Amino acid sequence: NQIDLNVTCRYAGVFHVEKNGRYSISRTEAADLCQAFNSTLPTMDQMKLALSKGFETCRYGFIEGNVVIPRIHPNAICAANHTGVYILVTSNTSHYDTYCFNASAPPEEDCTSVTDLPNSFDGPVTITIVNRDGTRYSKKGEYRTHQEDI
């Protein structure tokens, strides 16, 4: 009973989380996951500011209201070569990564490691935060509040 949460640097408080390194988060789970980081799903405005500070990924993830990919550099295999906050229009499926927004983060780029999942609740899952530099923090707990996500 183990979950890896791979987390990025924060940019104006916005970061990306993937569960087990593959698209596997529903919209309800995404909200719960951000809540566990004392964070919320970003607004479009929040994501645009993060982009302006250097944030880009090659992953679809939830924000409030849409699924998006922030792009700075055009790449043919990431958001069909678009730049800016690319909005997913047409998809059959419901599971993506998520973005999260932590208002208490620094205003620009913060690439220090994440060492806590401060708002996880009691539970039986070994949850491991994995930073890009390999630094890990584990705890026993849970964050999913919807049964359909478990």
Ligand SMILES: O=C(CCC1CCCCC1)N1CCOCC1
Contents of the next structure:
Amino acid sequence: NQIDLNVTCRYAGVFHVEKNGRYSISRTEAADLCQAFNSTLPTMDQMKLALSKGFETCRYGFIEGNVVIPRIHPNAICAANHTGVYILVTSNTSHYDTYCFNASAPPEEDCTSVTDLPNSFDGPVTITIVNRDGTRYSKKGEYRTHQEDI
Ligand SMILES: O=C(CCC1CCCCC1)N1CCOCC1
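With the form deposited without the named molecule done, generate the form deposited with the named molecule bound in the same format.
Below is the entire complex, every chain and molecule, led by the chain shown above.
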């Protein structure tokens, strides 16, 4: 009973979270997952400020109201070579990664590692935070509040 959560740098408090190395989070699970990091789904304004500070990924993830990819450098295989906060318009499917926003993070680029899952609740799952540099933090708990996500 294990969940891997790959996390990034925080940019103006915004960061990316990928679950189990594949697109696998529903919108309900995404809000619960950010709450476990004492965080919320970013607003579009919060995401645009994060982009302006250096944030980009090559993965679709939820924000409040949309599924997006923040892009700085054009790349043909990331958001069809677009720049800016690219918004997914047409998809058949419902599961993506998520973005999260923590208001207490530093104002600009924070590329230190994540060393805690501060607001997870009691549960049976071994949850492992995996940083880009490979460092890990594990703790037993749960974050999902909706049965359909378990
Ligand atoms: O776990 C924590 C805080 C513990 C430490 C405290 C300083 C920042 C690095 C790690 N967070 C989860 C998601 O990003 C914002 C905060």
